[PDB]
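One protein chain is absent from this view; the other protein chains keep their places.
Chain nomenclature is as follows: A, B, C, D, E, F, G, H, I, J, K, L, M, N, O, P, Q, R, S and T, assigned in order of appearance, with residue numbering initiated at 1 for each chain independently.
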Amino acid sequence: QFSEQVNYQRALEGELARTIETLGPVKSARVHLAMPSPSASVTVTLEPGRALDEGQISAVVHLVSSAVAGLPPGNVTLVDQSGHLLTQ
Amino acid sequence: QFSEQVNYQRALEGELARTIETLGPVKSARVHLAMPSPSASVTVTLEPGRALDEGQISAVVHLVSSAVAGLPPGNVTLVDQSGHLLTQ
Amino acid sequence: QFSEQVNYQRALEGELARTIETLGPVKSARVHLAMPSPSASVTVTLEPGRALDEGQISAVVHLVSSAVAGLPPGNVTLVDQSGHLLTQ
Amino acid sequence: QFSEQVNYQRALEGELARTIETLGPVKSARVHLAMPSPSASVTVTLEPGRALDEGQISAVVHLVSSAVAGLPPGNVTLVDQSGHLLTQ
Amino acid sequence: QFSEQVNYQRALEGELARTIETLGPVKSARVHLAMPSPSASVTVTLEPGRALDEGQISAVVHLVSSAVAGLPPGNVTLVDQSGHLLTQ
Amino acid sequence: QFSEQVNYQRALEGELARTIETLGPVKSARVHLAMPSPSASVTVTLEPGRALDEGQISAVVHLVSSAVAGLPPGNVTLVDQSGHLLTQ
Amino acid sequence: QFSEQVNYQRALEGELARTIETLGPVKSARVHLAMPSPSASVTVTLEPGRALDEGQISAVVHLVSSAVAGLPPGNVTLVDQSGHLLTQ
Amino acid sequence: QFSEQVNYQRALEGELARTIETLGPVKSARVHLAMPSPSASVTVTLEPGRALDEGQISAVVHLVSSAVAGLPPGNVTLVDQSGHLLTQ
Amino acid sequence: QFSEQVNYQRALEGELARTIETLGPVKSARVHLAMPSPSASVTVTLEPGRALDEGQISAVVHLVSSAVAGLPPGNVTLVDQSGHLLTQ
Amino acid sequence: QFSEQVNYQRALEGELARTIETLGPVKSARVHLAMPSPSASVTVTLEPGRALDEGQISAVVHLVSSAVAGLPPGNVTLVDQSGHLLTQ
Amino acid sequence: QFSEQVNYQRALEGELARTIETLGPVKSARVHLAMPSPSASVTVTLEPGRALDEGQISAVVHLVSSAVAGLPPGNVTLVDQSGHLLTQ
Amino acid sequence: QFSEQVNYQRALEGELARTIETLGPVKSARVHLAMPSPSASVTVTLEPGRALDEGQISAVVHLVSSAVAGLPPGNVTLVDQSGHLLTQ
Amino acid sequence: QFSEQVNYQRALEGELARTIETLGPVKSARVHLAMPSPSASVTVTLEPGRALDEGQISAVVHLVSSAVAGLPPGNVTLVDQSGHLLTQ
Amino acid sequence: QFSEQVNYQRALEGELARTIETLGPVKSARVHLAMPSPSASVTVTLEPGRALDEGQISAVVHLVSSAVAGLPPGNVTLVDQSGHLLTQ
Amino acid sequence: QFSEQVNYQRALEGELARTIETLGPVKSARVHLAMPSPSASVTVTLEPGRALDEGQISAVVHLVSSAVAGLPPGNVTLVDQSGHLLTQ
Amino acid sequence: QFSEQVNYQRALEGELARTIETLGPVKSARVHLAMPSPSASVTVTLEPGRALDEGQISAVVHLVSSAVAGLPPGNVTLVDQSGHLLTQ
Amino acid sequence: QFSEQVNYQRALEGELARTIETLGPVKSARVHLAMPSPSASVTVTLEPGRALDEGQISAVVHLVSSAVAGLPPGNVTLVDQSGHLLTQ
Amino acid sequence: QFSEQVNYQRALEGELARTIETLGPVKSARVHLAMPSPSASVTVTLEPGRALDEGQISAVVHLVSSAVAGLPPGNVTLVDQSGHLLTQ
Amino acid sequence: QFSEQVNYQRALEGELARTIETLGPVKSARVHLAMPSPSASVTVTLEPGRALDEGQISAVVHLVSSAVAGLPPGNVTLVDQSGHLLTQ
Amino acid sequence: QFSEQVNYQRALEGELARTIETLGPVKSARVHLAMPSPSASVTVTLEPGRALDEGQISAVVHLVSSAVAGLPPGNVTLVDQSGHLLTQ
Partner (left out) sequence: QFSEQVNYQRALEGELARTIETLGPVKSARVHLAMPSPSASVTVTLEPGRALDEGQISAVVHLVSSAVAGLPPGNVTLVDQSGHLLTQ
């Protein structure tokens, strides 16, 4: 009951990442989920010479807050490849 | 009871995506469902040089809110390939 | 008890779609059902150069609301291949 | 107890359809039943250049409302091959 | 207990039909029974150039209402091959 | 306990019919029984150019009402090969 | 417990018939019993050019009412090969 | 417990008959017993040109009423080969 | 417990008969017992040209009433080969 | 427990008879016992031209009343080969 | 527990008899016991031309009343080969 | 528990007899015991031309009353080969 | 538990006898024990031309009363080979 | 539990005897024990021409009363080979 | 239930480390989690000649506080390769 | 539990005897123990021409009273080879 | 449940040590954990000619206090290769 | 549980004896223990021409009273090879 | 549950010793733990010509008090190779 | 549970003895323990021409009182090879 609850999450994370990857100014993403009070942390490498606008942050935040059961958009952490914690 | 509840969802998501794909200005979609309080997140790549009108958003939102049991149209997140969180 | 409840639905959806297909100005349909409070979402591609009249919407809506147990005609979503959410 | 309750219905529907087919101005019918509060939806293709009169609707409606246990004639939906929801 | 309750009915229907067939102005009949509050629906093709008189309707109605347990003659629906719902 | 309760009836019906057949102005009979409140329906083809008198109806009615347990002579339906519901 | 209760009756009926056959003006008889409130129905073909007198009816009626447990002589139905319900 | 209770009776009847046969003016007898409130019915063919006197009836009646447990001499029915119900 | 209770009786009857046979004016006897309230019925063929005196009846009656448990001499029926019920 | 209770009696009877046989004016005896309230019936053929005196009856009566458990000398029936019930 | 209780008695009787045989004026004896309230019956053939005196009766009576458990000397019946019930 | 209780007695009797045999004026003895209230019966053949004195009776009586458990010397019966019940 | 309780006694008796044999004026003894209230009976053949004195009786009586559990010296019976009950 | 309780005693007796044998004026002893209230009986053959003094009796009495559990010296019986009960 | 709870953590730690590694001024990281009140400790080797700014600390702290269930950002310890405890 | 409780005693007795044997004026001893209230009896053959002094008796008495559990020195019986009960 | 709880700790200790090793002025570390109220003891060999500053102690203390569940930074003991207990 | 409790004692006794043997003026000892209230009895053969002093008795008494659990020095009996009970 | 609790301790002791060995003025250590209220005892051989300072004692004491669960630094005993109990 | 409790003691005794042997003026010792209230008895052979001083007694007494659980130094008995109970 456990070794495929965490093997499901291992692919949901790898699926959520492959969609954020196909999002324009995101060369590669890397999601981790914390499903017990849930939360997630997305690390994105933007395309060389780009920067996510303030609305493009809610794109990725909601793109993840909705794909996971019970995770509000406030518990999602977005981080570039240059530090830069984007989501408050 | 679990490994085919989430294997059902894996095809419902891939079925819901193949119908939104056949919707005109949608070159490819990518759905994720959060079924415990449900919600979904659709990421669509529009046809090159197109943009979903304000009524075409309710098309895709209801096209998904109805294909899933108990998911209201407010919990559906639509996102382009250019950020642009379309559904409030 | 599960893997053929959802395998029944997989054919009911594919049966309901093949009848709407044989409906005149409907080149191909694509039904999804949400059976727990039920609802359905039909996506139809009309014949090239056609448009469903206001009574032809109640045709397809009732053609689906009756073929599924407990689904009222208000919970059925009809959508063209051009956005156009037809059922309110 | 399930896989032949719905395999019974799969033939009752295909039997009810083959009798409506042998009804004069009906080139082919296509019945779906919703047996939990029951209801049915008949889609008929009329013979080329025909139209069901107002009494011929009660023919097909009662021809189906009686062949199914507990289904009143008000819950039967009849639809042509040209939209045209015939039963109110 | 089920797959021969409905396999009994499948022959009772086919037996009741072969007797109505041997009834004079009835070239072929086709009975369906609804046994849970029972009811039946007979569709008869009359001999070419004939029509069932008002007493010949009670013949076929009672010929069926009595061959089935608990089915009153009011719940029997008789229909020609030309629409024409004969039994009220 | 079922598949030979209805296989008994299948021969009782075929036995009751072969005795009515040997009854003079009856070229062939065809009985169906409804044994749960019982009832029966006899369809007789009279000899060419004959007609059952009013007492010959009580012959066949009692010939059947007595051969079946609990079936009164009022619940027996007799019908010719020409419509003609004989028993009220 | 059933398939030889009704296989006993199948021979008792065929035994009761072979004794009535050896009764003078009875060329062949044919008995059916209704054993749950019992009753029986005898159909006799009289010798060519004979007729059972009013006392010869009580012969056959008691010849059957006594050979079956609990069957009064009032529940026995005697019928010729010419209609003619003999026992009231 | 049943198939030799009625196989006992089948020989008791055939034994009781072979003794009445050896009784003078009785060329052959034929007994049937009704053992649940018991009763019996004897059919005797008298020797050609004979007739049982009024005391010879109590012979055969008691010859049977005593050979069966609990059967009074009033429940025994004696019948010739010419109708003629002898025992009241 | 049954098939040799009645197989015991089958020899007791055949033993009781072989002793009455060796009784002088009795060429052959034939006993039947009714053992549930018991009773018996003896049929004797007297030697050609003999007749049992009034005391010779109590011989055979007691010869049987005592050889069977609980059978009084009043429940024993003696009958000649010429009718003639001897025991009241 | 039964088939040798009555197989014991079958030899006790045949033993009691072989002793009465060796009793002088008794050429052969034949005993039957009724053991549930017991009783017995002895049939004796006296030597040709002899007759049991009144005391020789109590010989045979007590010779049997004592060899059987619980059988009083009043329930023993003695009978010659010429009728003649000897014991009252 | 039974077939050697009565096989014990079968030898006790044959042992008691072989001792009375060795008693002088007793050429052969023959004992039967009635062991449930016990009793016995001795039949003795005296030596040719002898007779048991009144004290020789108590010899044989006590010779048997004591060899059997619970049998008083009053329940022992002694009988010669010439009738002659010796013990009162 | 029985077939060697009475096989013990069969040797105790044969042992008690072989000691009385070695007693002087006793050519052979023959003991029977009645062990349920016990008693015994000794039959002795005295040496030719001898007779047991009044004290020699208490010898044999006590020689037996003591060799058996619970048997008083009053319940022991001694008998010669010439009748002569010696013990009162 | 029985067949060696009485096989023990069979040797104790034969042991007690072989010691009394070695006692001077006792050529051979023969003991029987009655062990349920116990008692014993010794029969001794004295040496030819001897007689046990009054004290030699208490020798043999106590020689036996003590070798058996619970047997008082009053319940021991001593008897010569010439009658002569020695112990009161 | 029994066949070696009495096989123990069989050697204790034979051991107790072999020690009394080695006691001077005792050529051979022979002990029997009565172990349920115990007691013993010693029979000693003294050396030819000897006699046990009054103290030599307490030797043998205590030599046995102590070698057996619970046996007082009053319940030990000592007897010579010449009668002579030594212990009171 | 244990050896893969801590084998899950062994990869989550190695996954969390490979994402912090792809973060710009982080040449290699090394995470340890303390999941019972959780906490984590990250040791990072910065790129040669770099230093994490004060906002780049909240990047790595939230990048870890969110990827683990229930771990607040206060319980995360960040340390360089030169001592330098960065998180208070 | 028994056959080595008394096989232990058989060696304890033979061990206790071999130590008293090695005691000076004791050529051979012979002990028997009575272990249920215990007691013992020692028989000693003194060296030819010796006699145990009054203190040498307490030697052997205590040498045995102590080697056995619960046996006081008063219950030990010492006896020479010449009678002579030494211990009171 | 034990042999891999302490085999987990054996690697956590060896993992925690390999990270402190990669910390600059730490040539090799050696951790031991005390997990029941937990505590740990780190022994570090500094690089030749170095010394941990006062902030570099909180580095290693928190680097360990956080990698272990429930271990406060006060229960962590740090020691050089030259004595020098660094953590109070 | 028994056969090595007394096999332990068999060696403890043989061990205790081999130590007293190595005690100077003791050429050989021989111990017996009474372990249920314990006690022991030591028999010692002193070296030729020696005698145990009054303190050498407490040596051997305590050498044994202490080597056995619960045995006081008062329950130990010491005896020479010349009688001489040494311990009071 | 035991043989590896003490086999764990056997390596923890050998691990704790190998770290104290790598501590500078400690050529070899040797730890023993007392884990039930725990305590430990360290014996250290210092490098030839060295001595642990007063702070170097708290090094080794805390290096051990922390590596073991629940062991305070007061229950740790440190001892040189020259006596010298260092920890109070 | 027993045969190695006393096999443990057999080596503890042999171990305790081999240490006292290595004690200077003790050429060989021999310990016995009494472990149920424990006690021990040591027998020591001193080196030829030595004697244990008053403090050397407490050496051996405590050397044994401490090596055994619960044994006070007062219950230890020390004895030389010359009698001489050393411990009071």
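Operating definition for what follows: a contact is a pair of C-beta atoms (placed from the backbone, for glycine too) under 8 Å apart; a residue touches a chain by one contact, two chains touch by 3 or more.
> In the whole complex, not just what's shown, which of T:19, T:28, T:45 or T:81 touches the removed chain?
Reading the full complex, the residue touching the unseen chain is T:19.
> From the list S:16, S:20 or S:40, pick the residue that touches the absent chain.
The single option touching the absent chain is S:40.
> Write down which of T:39, T:56 or T:87 is the residue touching the left-out chain.
T:56
> Touching the hidden chain in the full complex, which residues of subunit T are there? Just list them.
Considering the whole complex, subunit T reaches the absent chain at 1, 4-5, 8, 12, 15-16, 19, 22-25, 52-53, 55-56, 58-60, 62-71.
> Kindly note down the residues of subunit S that lie in touch with the hidden chain.
Residues of subunit S in touch with the missing chain: 2-3, 6, 30, 32-41, 43, 45, 75-77, 79, 81-85.
FYI, only the chains that are shown with their structure count from here on.
> Tell me, which chains sit next to both subunit B and subunit O?
A
> Quick check on subunit D against subunit E: do more than half of the interface residue numbers occur in both copies, making it same, or fewer, making it different?
On the two sides of the subunit E and subunit D interface, the residue numbers are mostly different, under half being shared.
> Using the average of all C-alpha atoms in each chain as its centre, how far is it in Å between subunit F and subunit T?
116
> Distance between subunit A and subunit M based on Cα centroids, please, to the nearest Å.
113
> Residues of subunit P that touch two or more other chains: which are they?
Residues: none.
> Once you've mapped the touching chain pairs, tell me: line, ring, star, complete or other?
Contact map by chain: line.
> Please give all chain pairs that are in touch with each other.
Those chain pairs satisfying the definition are A-B, A-O, B-C, C-D, D-E, E-F, F-G, G-H, H-I, I-J, J-K, K-L, L-M, M-N, N-P, O-Q, P-R, Q-S, R-T.
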